[PDB]
Every structure is written in C-alpha cells, then in structure tokens.
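**Student:** Chain by chain, the residues run as shown.
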Amino acid sequence: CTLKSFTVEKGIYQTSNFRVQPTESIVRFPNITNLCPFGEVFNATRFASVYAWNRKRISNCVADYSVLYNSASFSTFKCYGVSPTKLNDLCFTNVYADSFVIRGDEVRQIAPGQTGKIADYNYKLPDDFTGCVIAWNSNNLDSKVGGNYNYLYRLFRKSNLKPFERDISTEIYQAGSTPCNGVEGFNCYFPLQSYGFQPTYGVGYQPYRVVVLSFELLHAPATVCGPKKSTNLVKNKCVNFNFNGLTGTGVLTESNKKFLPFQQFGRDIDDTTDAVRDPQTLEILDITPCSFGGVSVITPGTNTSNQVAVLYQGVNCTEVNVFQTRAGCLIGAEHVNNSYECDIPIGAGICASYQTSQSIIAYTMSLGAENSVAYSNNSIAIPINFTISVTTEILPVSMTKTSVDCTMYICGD
Amino acid sequence: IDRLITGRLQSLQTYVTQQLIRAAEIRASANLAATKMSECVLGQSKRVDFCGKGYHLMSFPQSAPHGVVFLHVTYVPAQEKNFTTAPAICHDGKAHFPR
Amino acid sequence: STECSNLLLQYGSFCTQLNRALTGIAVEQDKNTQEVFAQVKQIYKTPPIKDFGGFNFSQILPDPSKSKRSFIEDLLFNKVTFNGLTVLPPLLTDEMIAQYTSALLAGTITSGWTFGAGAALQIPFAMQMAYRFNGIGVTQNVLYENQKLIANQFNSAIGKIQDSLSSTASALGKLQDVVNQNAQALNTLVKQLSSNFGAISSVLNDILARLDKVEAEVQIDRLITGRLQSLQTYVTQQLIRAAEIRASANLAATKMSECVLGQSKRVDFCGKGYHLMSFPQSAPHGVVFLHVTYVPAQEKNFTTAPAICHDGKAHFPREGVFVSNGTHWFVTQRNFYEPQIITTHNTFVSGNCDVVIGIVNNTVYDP
Amino acid sequence: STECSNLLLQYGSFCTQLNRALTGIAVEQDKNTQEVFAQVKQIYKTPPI
Amino acid sequence: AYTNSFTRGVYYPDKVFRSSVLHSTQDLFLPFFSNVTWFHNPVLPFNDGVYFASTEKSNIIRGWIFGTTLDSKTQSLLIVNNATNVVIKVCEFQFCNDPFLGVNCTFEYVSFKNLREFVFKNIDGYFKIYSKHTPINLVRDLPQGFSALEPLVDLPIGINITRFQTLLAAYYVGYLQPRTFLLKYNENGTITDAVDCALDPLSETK
Ligand SMILES: *[C@@H]1O[C@H](CO)[C@@H](O[C@@H]2O[C@H](CO)[C@@H](O)[C@H](O)[C@H]2NC(C)=O)[C@H](O)[C@H]1NC(C)=O
Ligand SMILES: *[C@@H]1O[C@H](CO)[C@@H](O[C@@H]2O[C@H](CO)[C@@H](O)[C@H](O)[C@H]2NC(C)=O)[C@H](O)[C@H]1NC(C)=O
Ligand SMILES: *[C@@H]1O[C@H](CO)[C@@H](O[C@@H]2O[C@H](CO)[C@@H](O)[C@H](O)[C@H]2NC(C)=O)[C@H](O)[C@H]1NC(C)=O
Ligand SMILES: *[C@@H]1O[C@H](CO)[C@@H](O)[C@H](O)[C@H]1NC(C)=O
Ligand SMILES: *[C@@H]1O[C@H](CO)[C@@H](O)[C@H](O)[C@H]1NC(C)=O
Ligand SMILES: *[C@@H]1O[C@H](CO)[C@@H](O)[C@H](O)[C@H]1NC(C)=O
Ligand SMILES: *[C@@H]1O[C@H](CO)[C@@H](O)[C@H](O)[C@H]1NC(C)=O
Ligand SMILES: *[C@@H]1O[C@H](CO)[C@@H](O)[C@H](O)[C@H]1NC(C)=O
Ligand SMILES: *[C@@H]1O[C@H](CO)[C@@H](O)[C@H](O)[C@H]1NC(C)=O
Ligand SMILES: *[C@@H]1O[C@H](CO)[C@@H](O)[C@H](O)[C@H]1NC(C)=O
Ligand SMILES: *[C@@H]1O[C@H](CO)[C@@H](O)[C@H](O)[C@H]1NC(C)=O
Ligand SMILES: *[C@@H]1O[C@H](CO)[C@@H](O)[C@H](O)[C@H]1NC(C)=O
Ligand SMILES: *[C@@H]1O[C@H](CO)[C@@H](O)[C@H](O)[C@H]1NC(C)=O
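Protein chains in written order, with the authors' numbering: chain R, 301 to 620, 641 to 676, 689 to 745; chain D, 993 to 1091; chain L, 746 to 811, 813 to 827, 855 to 1140; chain A, 746 to 794; chain P, 27 to 66, 81 to 143, 165 to 172, 186 to 242, 263 to 300.
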C-alpha cells in the first residue's frame, strides 16, 4: 500500500512512523489556599433588609461553587447565562454576592427582566443576567413573636429601578393630588414598610434569606477563580502532563538540576522545555520525549518470498526473533555470527539478506577478505601473464524534457 | 479559489525548485560523461581508475536511452611470481642501475 | 494535537514529499562515504617488522592500544568537536572507515601503485620510491645516493604535521564548518516553532483553549502554513547543501584513485611540487590526504645551448639539457644538477650546424 | 514602515536567514576569484628586452 | 544632580531556568552607561517603568506611592515597610502633600553598608517588583559591577500609573526603555553578565 503496487522489489522501505502513546494524564497545581469566606455571605446571624441589600465584593481569592450547589440547605438554587456545573472551571475580574430577607411568596421576583414590588422598588435583574440565585426559609431566624417589624422593604417609589440599582433614599411618596410638605398625609406615604414576620405564618408570608451571585470580567485581571484540581504524579512512564499552565507529553524523571527559588520551568538551547518544578512538592523533574521513529520493512522482494523483517529506527526494544541493533530494534531477522557483503543496508555496520527453509538474517558487514601482503626487504613480485578486461560504465546524460504551463496547471479553462 | 491558487502555486514552486536542483545533478554527470569521452575514447588516460580498473588500453561508446555506456578495455596483470631483487649491481667498482 | 493533524491532511502530498527528499539526502551520505573509502578489494595489512628503507610510517599506521586509528587520525578526531527531529547513524562506522584507510595505506606502503590495477604486487619501499622519482623525470640513482637524507626529510616532515594538528582547531576548518552549518540549520528549524505566523498564539493548546472550533481552525491554519513553509525552507536548503558535499565527495574519491592509488602528472592536484605519493587519514565527516612531493630548493645559473656542433653535425640531448660551468660543457638531467660528459650515447645527431639558432662549437666523446 | 515591520517579526527567523544566505553567496565570489587568479606567489616581471 | 548607571539594574525577565547559555531578550531595561538622577521628596514621572536604588544603614526610606493623580480622585498604590515587613494597599488615599514616617481597598497584602536596588513596571494590569540587596564601599555613586535583580511580587490590580513619590538618605532614579540585551547564564542558572545591544557597534557585533 505504501508503494501503490502488488509487486515489491528487494529493499528497505519506510512504511510508517512509530510513537509511544501516553499511558495516562497528569495535572499539577499549587495547594488549594485563599478559599473565599462564603460563611460571611450565607452563615452570618445578621441579615439585610431588602431595600438596603448588603453586597460583598470578592477579589484576589478562589471561590468554590460546588459547596453551594451540592449543599442540601437551600430551598431554591437557580442560574442564568451559565451552567451551574461549569462555574468551578471559570475565572472573573470580580464576583459579587448580594444578600437580603423577603417573604417566601416574593422570591420569584428575583429573576431576569421580572417585575413587582420587590423587583421594581428593591432589587432588579436584567433581561440577559449572568449569575445565580440561592434562597432558603429563615422563619426561625428572621420572624419573632409579636412581629419582627425591624425588617423593611420599599413599598413606594417614583419610578422602577434599573438593573442592579441600589437605593436607600428616604423620599416620601405622593400617591394623591396634593403635595407632601416632606411628611406623610392623605395619600402621601413614607417609602419603607415591614412584613411584621412571625413564626406562626404560612410559608408564603414566612421570611426567606436570599443571595444573588453576579460575575464580572474585564481587561482588568481575572482576580477570582474556581478551585484547581490535581492528580497524583507518575515518574518513569510516557504521560500526558500539565504543570500550572504548561501542557506537554513526555517521560517525567527525577533530576540533578538546581533551579533558583523563583524559577518554575527549564529550557534547552532550542527553547524546548526540558525540566519543570512540581508546584506541590518542590522537586525538579526532567522531561524527555516519548520514544518515536520511522518503521521500515526489510524485504527480499515479493518474487522470492513473503517473509519480512521490521526495523523500528532509533527505538529500543523495551519501548516496542527480536534483536537490538545500534540503528534500532530489529524484529523477524535472525542474528548471524558470520559476515558477508552488505545486501540490504540497515546502519551502524549492520546489513540483512535472505539465506539458509530459508529466512532473513542480520549480520555485521564484511569489508573484504584480509590479506597480509608478503612484503620483504629484498623481494619483488612480477606478473608472468595478463588478462585483457572489459568493464561497463553507465552514466546518465539528460532528463526527459518537460514543460508545465502554470496558467493551466493552477486554473485550467 | 484563492485557497486553491495559493496551494497549487506552492505545489508548483516546490516541483520547479527540485527539478532545478536535479538538472544540476544531471549536468554534473553530463560534464563527466563528456570528459570520459574526450579522455578515454578519443585518447588513452593515465589517470588511475578514471577509465576502468587495471591499466587502461582504450574504450568504446555505446548509446543508451537518457545516457551513455563506456566499454573500458584495460590490461590486468594476472600470474605473479616472487623474485629476489636489488637497486643496483657492482661491476668494476661502479654501480649499474637498470635503464 | 489530533485536531491539527486533521487540517494538515488538506495539504495532501506535502509531508510525504519532504520525507522522500530528506531520505534521498540521507541515503546519499553512505554512497559518498563508500565511493571515497571502499576503493580497495581486500583489507591489506602490514608486515610485522617495519624495514621500509628508513622511512617511518608509525604515526600514520594503526595503533592497537586505541578504535584502531593512527596517531594522526586521533588528532583529527579530537580537533573537530526532538520535535519530530531524528539523526540516523552512518552505514560505515568510524571503526570501519579506519579499517579502509588502514587497508589503502598498507597496500600503498607494501606494493606501490600496483594494488589499484589488480593484485597487490609487493616491492621494497626503497625501490618503490626509486620508480616514483623516475616518474617525475629525476633519475633513480638520485634516490639511492641520497636515501638517508630523503628518509630523514620525510620523517621530519611528518613530525611537522603532528605539531601543526596539535597546535590549533583552525587546521580542520572545512569539517568544523560542515558540522556548524548543520547545527545552525536545525537550531533555526526548531526556534521557528516559537513564532506566531500571525496566529493569536504560537501554542496550539492555548489556541484550542481561547477559541471555539470555527475560530480555532483559522488560527491553527496560520501555524500550519508557517510551520510547513519553515520545513520546506529547511529541506530546500539541505538539498542545496548536500549537492556541495556530493561535489566534494566526488573530488575526494578522485584523489583516492589518482593520487593515493597512483602517481599524478596533473599539476598542483596533489599539492605543490612534483608529486611522489600521498597517504589517506580519516577525519570526522571527511578525508585528509598527506601529499608527499619533490620540491627543488637551491639553484645555480649556467650558460646553455640548444645543440652542439661536432664534425659539422648538430648534436641534441636525448634526456636532459646542455650547460657550462664557464670552461667546460656538460649534459645534465633537468630537475637536479648531475653533469655528465657529452657523448654519442647521451646525444643524437640531426642535420648540419647552419640551421639551429644559437648552436655552440664543442666536442662529443665517442667511447 | 514601522507598522509593517512589527507584523514581519511574527514570521520569526525567515528574514535573518535570507540575509545570511545572500551574504554567504557574496563572500564566495571573492573566493572563486582567488582560487583562479591568486595561484602565483610572487608578482613576476618580464625583462626590458 | 546626576550619576552614571554603569552596568547596574538588569533583572531576570522570566521564571525560566537556563544554564551555561547566552539568551537574547527584548524588554523594558535601564540602558547601560545611562544617566540616573541622584537625590538626598518630589513627585516624579513613571514613564515605561522605574529603576530605583538607595544606599542605606539606618532605614530613612520606608516605601513608595504610585498612581495617576497620586491623590484621592482614583485608586493609588501605597507600599510601606511597617518595620516588621512590607505592607501593600491600593486605596484612593487623601494623604499628605509632604508624606513621611519619623526618623477604596479593592486589594491589600502583607509580605552606609547596604545598597538596595528595585525595579517597578506595570504591564497588562500586573504590577511587578524586582530587587537585590548587596554590600558597598562608596556613598556618592552606584558601584561599578554586575548582579541581576530577582522577582519579589506580581500583583493583579489593573490600576493606571503615571507618577510616583518616595516615603522618607541618598537615592537614585532611572527610567526603563524597550532594549534588546544578551544575557549570560552560568552552570547554576544565575545571570552573570550582559550586553546592551544598542550601546555601541562592538555590542551590536556581540
Ligand atoms: C503542599 O501540601 C503538602 C501536604 O501537606 C506539603 O508537603 C508535606 O507533607 C507532609 C505529609 O505527607 C508533611 O509532614 C510536611 O510537613 C509537608 N511539608 C513539607 C515542607 O514537607 C507541601 O509542602 C505543600 N506545598 C506547598 C508549596 O505549600
Ligand atoms: C641539501 O639540502 C639539505 C636540507 O635538508 C641539506 O641537508 C642537511 O645538511 C646539514 C649540514 O649542512 C645536516 O646537518 C642536516 O642533518 C641535513 N638535513 C637532513 C634532513 O639530514 C644538504 O646538506 C643539502 N646539500 C647540498 C649539496 O646543498
Ligand atoms: C665553429 O667551428 C666551425 C669549423 O671551424 C666554423 O666554421 C666556418 O666554416 C666556413 C666554411 O666555409 C669557414 O669559411 C669559416 O672560416 C668557419 N668559421 C670560422 C670562425 O673560422 C664555425 O663558424 C664556428 N662557429 C662559431 C659559432 O664560432
Ligand atoms: C455554614 O455553616 C456550617 C456549620 O459551620 C458549615 O458546615 C457550612 O459548610 C456553611 N455553609 C456555607 C454556605 O458557608
Ligand atoms: C535499551 O533499553 C534498556 C532499558 O532502559 C537498557 O537496559 C538497554 O541498555 C537499552 N539499549 C540500548 C542500545 O538502547
Ligand atoms: C557467536 O559466537 C560467540 C562465541 O563466543 C557466542 O558467544 C555467540 O552466542 C554466538 N552467536 C550466535 C548467534 O551464534
Ligand atoms: C611469495 O613468498 C612468500 C614467502 O615464501 C609467500 O608467503 C607468498 O605466498 C609468495 N607469493 C606468491 C605470489 O607466490
Ligand atoms: C619511528 O618514529 C617513532 C617516533 O615518531 C619512534 O618511536 C620509532 O622508534 C621510529 N622507528 C620505528 C621503526 O618505528
Ligand atoms: C642567477 O643570476 C641572476 C642574474 O645575474 C642573479 O640575480 C641571481 O642571484 C643568480 N643566482 C641564483 C642562485 O639564482
Ligand atoms: C642571444 O642574443 C644575442 C644578442 O642579440 C645573439 O647574438 C645570440 O645569437 C642569441 N643566442 C640565442 C641562443 O638565441
Ligand atoms: C547626562 O550625562 C552627561 C555626561 O554624559 C552629564 O553632563 C549630564 O549632567 C547628565 N544629565 C543630563 C540631564 O543631561
Ligand atoms: C487606564 O487603563 C485602561 C486599561 O484598559 C485604559 O482603558 C485607560 O485609557 C487608561 N487611562 C489612562 C489615563 O491611562
Ligand atoms: C554552583 O553550585 C555549586 C554546588 O552545586 C557550588 O559549589 C558553586 O560554588 C556554585 N557556583 C558556581 C559559580 O559554580
């Protein structure tokens, strides 16, 4: 198939390339540290009134969402613009967590482009939000006997809030046809009002704690990321690998190199990365490439036999009758103790031939018969007779004259 | 079409470059065959191994498609025998050397 | 990257014709090496006792304590010094090349020009030099009368080769240049993997992480285009560089035949002076010839004439030229002053005196 | 042009190895000329007669 | 006042080990044999980046301030040794017009006989610090010799910088330029000599 023929003449032909494939994948990153303190967002004893909603900004930190989505604690968990399963792979310039208390019936207002007293007067999300919403019943935390009138929401406003607009202005609202003079009156009202939460109420009037998570990315650096996972480390085998950002594939091994305390990678003269520091245990590993080379088929020609030998050029038989030549691992040829003229050349003094039920044999080539010339101080050899000899010599003198019209080769007609 | 022009033009430049390099290899062989014809066929070369092995007597050209064949005729000494030898001989006190 | 490999298929035969080209260059290097060194039919070897007329080859013959290289070949082997890349071994090892230079040298020393023309016919080295002198038109007695002087001048001249080669690496500049150009070409070929070629990054896994499939494919095709142009440039440059080495191996194979295996009449082909013989030594990726030549070194002026008159006949020299010390006329060989009396054996008659422009009146002795 | 020069650096070594190839051919012409003519050691003169 | 830089102010350009090799790099470097400004504080430009050094034995110089305004309207770096170790903040400070120590917070962090040398540069929103501490035998000027500056910190903060000032006695200021240098790495992977390729025709040849 390589030669596009059903007959093959005597020779050595490269039919393929061999390459040791990676046995497994390694990933290494630093010890998981500076985990963000989500207990300030979700587990604080205090919580905010919804008009004055308390925002946390997270920066220069690693934020796990898997603790948030795996926890059974939440009466609702939702996400917009992002898959909840994908969150832990992402990085952002900032992450925001917005926290407040509302009645259980009104939690549905905390959604993209939605409307109502909580949405339009307290906390608003855009028609294309990127983020998540998390909520739980807080009746034992935020209700009190006699009514916890200390929690507040804006019942009245002049106009709807913009997306993410925060507003703690005390502006008195005029519903009637007569002005307020800066105080309540007939159809004039103070804007902030209470549910009066009690433990006995039905679930729609019981308080819920609510958290909204929002994500931001800029040309300003990605200061927040999800946690980074790592595997065990495997030495002395061909492996796919990733150390920090550096992907590669090679045989990782222990090394004598002494990097300075700030250095993380080592390079060859030809830029090629040739050592790495493991970020968890600070050892220096050499990288050496997984074994590769041409595969050649040695054949006495399909006229004489269907036997072949295979040479894996530069490969060692550990990586792949079987015989280790200095040219590479040779398979199917019998090693022979004699020597002959070179029939099919292999390399580094080795040749192969088909010889005595016959088989392929591989041997060190013979340069000629040895001859100690019978030299002496006072003796000469003179020829008594001759042969006239005729020697054929062939020389090529010309190619077949060819022209190619490039205007027609590139684009005929 | 500009992807096809870009690929077919690079394909043809690759061929023309390797044919220019191969034409120089064939010219170097035609300059050698022209030299073997002047020195071996039209003459008798003293140049060792130029016109075959052994001491060269003459050679003959035969044509072949895209080439030439020389039949180099040479003298090879065949049945050697050992003798004792000397650089000179003394006669009447004077050294004689072979002419 | 299997994603890149599936785009590289759209370029068709290109990766096959680059390997077919470099395989032709690699297979040619063993033909170059074979045509220089493998000119000997049998592996000749030297007699045990070194009675070569007082000439001393000990520094160019094998040393069995060392590979079996000569003392000079061990100077020559000291003074020259995986992104899919591979280096293949030569077919003939450096030990096999040293066996061929040993066979060529032991045949040359023990049998002269004869081993290039049939069987090696042994001849004493003092007589081999006599026929190499007689081949440059210096009469063979000029060797045997000066044999100790000539042997000491040869033994001394080989000593200066050892000193010259011991003193500097800049002796072997042509071989170190061939090594340096192949390293410069490969470091260039690998450093070109660091280039963007207009893509968003030089690293495929960075492209594949930043971009969705249809955009990543366009950035990868810029790296494929630039890396394929980078490899075609290397293969073209190696094909041109190999053609220069083939022209040099054809010349080294011609100096093996015409100039080690023979004696050359060709002026300044086998070093300056009238050539006597030369000796091959192996070197890393090359051959070194020690060309031995007769150089005339002190001269004196003489009055001269094209013919002499005798009994009205004009006499011309058979071999040589007529010269006078000022009072007497002699005939000498041309390349060394040995004057002989003018006789009917040293000279030949042709015609009367009156034709020749500048003939002189003298006497021919008839024995 | 500075705008083009900054784009050409993204093609890496190509431009340096073209200058190096033409510089090697230029230096060879002075070698070719000295292989032919500079074979004589001394500047010989003919006599006035 | 002014002094010669000599060969001072080279730093390791990347976190890569290289050994027994010469490497050619283009980066913001202080040019060899350039002028550096000498002082015994003013607000100073930042340009492409700053080399800073001082000769000390008594801790007269405590830290630095960096920003666009260097005052209140927008965020600004405040970097100070608290006499235990380095402290860093980036707030929109409304601090003094002659700031000293005695002889909003989007990020915050905690870490003559001496010449202390530093390099500050700000690229794609990361603020880089390099340094070296070394002995000396002269007070008036930077000592002629070579020793490369190693990295300290690498801060993702995104803040624009065009001016700086030094918190208070001999110190030196020089401005980085986009230059090509050839760097010599020894067997242990330290930079041990360098060539400023634009300096003179012999350096271009090297
Ligand atoms: C990353 O964490 C590991 C595990 O704690 C640290 O390695 C050592 O682990 C052994 C237990 O197997 C402890 O007894 C040692 O005290 C740990 N430390 C050292 C210095 O040996 C490892 O050092 C950590 N790496 C970083 C960069 O923090
Ligand atoms: C011919 O030239 C040679 C140069 O080698 C001369 O030989 C040297 O002669 C001196 C005495 O003058 C000896 O000490 C040396 O040992 C000789 N050299 C060697 C290699 O042995 C020689 O004398 C000259 N002869 C004439 C007639 O001029
Ligand atoms: C050398 O000697 C011959 C023989 O004596 C000279 O021959 C001349 O022969 C003619 C014959 O008619 C005489 O008339 C002359 O008298 C002879 N010459 C002399 C000088 O006597 C021949 O000329 C002489 N050649 C030279 C170069 O001196
Ligand atoms: C809240 O507190 C409990 C008890 O300390 C802890 O197990 C849980 O992980 C915390 N959850 C969050 C969301 O912080
Ligand atoms: C082949 O590999 C094995 C295992 O590393 C080693 O023992 C052997 O020496 C190698 N031989 C060659 C010629 O590479
Ligand atoms: C070749 O001969 C040697 C003699 O010592 C022996 O060690 C070796 O096994 C032989 N190999 C073969 C293939 O016969
Ligand atoms: C010449 O003589 C030697 C010693 O007797 C012998 O070894 C050698 O074979 C002889 N050669 C020929 C061609 O007869
Ligand atoms: C030849 O010269 C060497 C020194 O180069 C010397 O040791 C040796 O004795 C000389 N003679 C012979 C016959 O080797
Ligand atoms: C030979 O003759 C010329 C001209 O008289 C003279 O210059 C030269 O010195 C003479 N001697 C030798 C040894 O050439
Ligand atoms: C040399 O020149 C002289 C002077 O012109 C002349 O007399 C003589 O015949 C010439 N001799 C030869 C050998 O040409
Ligand atoms: C710059 O260097 C020169 C000496 O080369 C010096 O005279 C001058 O004061 C320095 N400062 C300025 C700003 O020119
Ligand atoms: C500050 O840096 C940002 C980087 O995106 C840039 O948009 C802005 O123009 C810069 N402002 C100044 C005054 O440099
Ligand atoms: C390099 O490190 C070795 C210890 O591995 C140390 O002996 C040597 O002094 C260091 N410095 C140099 C310049 O080699």
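Keep in mind the hints are simulated off the structure, nothing from the lab. There may be inaccurate statements among the hints.
Within a straight-line C-alpha distance of at most 25 angstroms, the following computed SDA-like cross-link-like pairs (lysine to any residue) qualify [stated by the list, open to error]:
hint : chain 1 : residue 1 : chain 2 : residue 2
1    : D       : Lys-1086  : L       : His-1118
2    : L       : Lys-1028  : R       : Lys-537
3    : L       : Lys-790   : R       : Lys-558
4    : R       : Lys-558   : R       : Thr-734
5    : L       : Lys-776   : D       : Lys-1086
6    : A       : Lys-786   : L       : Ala-956
7    : P       : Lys-300   : A       : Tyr-789
8    : L       : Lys-825   : L       : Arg-1107
9    : P       : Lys-278   : L       : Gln-954
10   : R       : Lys-537   : L       : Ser-940
11   : L       : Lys-776   : R       : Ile-569
12   : P       : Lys-41    : L       : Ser-967
13   : L       : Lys-814   : L       : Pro-793
14   : D       : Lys-1086  : L       : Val-1008
15   : L       : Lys-776   : D       : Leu-1024
16   : L       : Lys-814   : L       : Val-1008
17   : P       : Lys-41    : R       : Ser-721
18   : R       : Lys-537   : R       : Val-620
19   : P       : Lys-41    : R       : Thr-724
20   : R       : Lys-528   : L       : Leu-977
21   : L       : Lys-825   : L       : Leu-977
22   : L       : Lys-964   : L       : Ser-1030
**Student:** Each of the hints needs a verdict: does it hold here or not?
**Tutor:** Hints, verified against the model:
For a cut-off of 25 angstroms, the pair hint linking D/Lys-1086 to L/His-1118 stands: about 18 angstroms separates their Cα positions. Using a Cα cut-off of 25 angstroms, the hinted pair L/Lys-1028 and R/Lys-537 is violated, with the two alpha carbons roughly 52 angstroms apart. A distance of roughly 53 angstroms separates the Cα atoms of L/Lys-790 and R/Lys-558; the hinted pair therefore is violated under the 25 angstroms criterion. Proposed proximity of R/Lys-558 and R/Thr-734 is contradicted: the alpha carbons are some 62 angstroms apart, above 25 angstroms.
At most 25 angstroms may separate the alpha-carbon atoms for a hinted pair to count; L/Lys-776 and D/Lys-1086 exceed this at roughly 55 angstroms. Proximity of A/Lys-786 to L/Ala-956 is assessed by CA-CA distance (about 37 angstroms); at most 25 angstroms being required, the pair is judged violated. A threshold of 25 angstroms between alpha carbons decides the hint, and for P/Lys-300 with A/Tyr-789 the separation of about 43 angstroms lies outside it, so the pair is violated. With a CA separation close to 42 angstroms, the supplied pair L/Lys-825 and L/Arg-1107 exceeds the 25 angstroms bound.
Distance hint between P/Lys-278 and L/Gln-954 is fulfilled; the C-alpha atoms sit about 23 angstroms from each other, no more than 25 angstroms. The hinted pair formed by R/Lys-537 and L/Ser-940 fails the criterion: a straight-line CA distance of about 48 angstroms is larger than 25 angstroms. Our distance criterion of 25 angstroms between C-alpha atoms is broken by L/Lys-776 and R/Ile-569, whose separation comes to about 33 angstroms. With a C-alpha separation of about 17 angstroms, the suggested pairing of P/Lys-41 with L/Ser-967 holds against the 25 angstroms cut-off.
Of the pairs offered as hints, the one joining L/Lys-814 and L/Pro-793 holds, with about 16 angstroms between alpha carbons and a cut-off of 25 angstroms not exceeded. At most 25 angstroms may separate the alpha-carbon atoms for a hinted pair to count; D/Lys-1086 and L/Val-1008 exceed this at roughly 70 angstroms. This hinted pair checks out: L/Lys-776 and D/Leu-1024 have alpha carbons roughly 18 angstroms apart, not beyond 25 angstroms. Simply put, L/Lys-814 and L/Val-1008 have alpha-carbon atoms about 36 angstroms apart, too far for the 25 angstroms limit, and the pair is violated.
Distance hint between P/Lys-41 and R/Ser-721 is unfulfilled; the C-alpha atoms sit about 73 angstroms from each other, more than 25 angstroms. Proposed proximity of R/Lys-537 and R/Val-620 is supported: the alpha carbons are some 14 angstroms apart, at most 25 angstroms. As the CA atoms of P/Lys-41 and R/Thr-724 are separated by approximately 67 angstroms, the hinted pair breaks the 25 angstroms bound. Pair hint R/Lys-528 plus L/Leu-977 holds up; C-alpha atoms about 22 angstroms apart against a cutoff of 25 angstroms.
Taken as a hint, the L/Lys-825 and L/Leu-977 pair is broken in the structure, with Cα atoms around 43 angstroms apart against an allowance of 25 angstroms. For a cut-off of 25 angstroms, the pair hint linking L/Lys-964 to L/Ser-1030 is broken: about 43 angstroms separates their Cα positions.
Of the hints listed earlier, those the structure fails to meet are numbers 2, 3, 4, 5, 6, 7, 8, 10, 11, 14, 16, 17, 19, 21, 22, in rising order.
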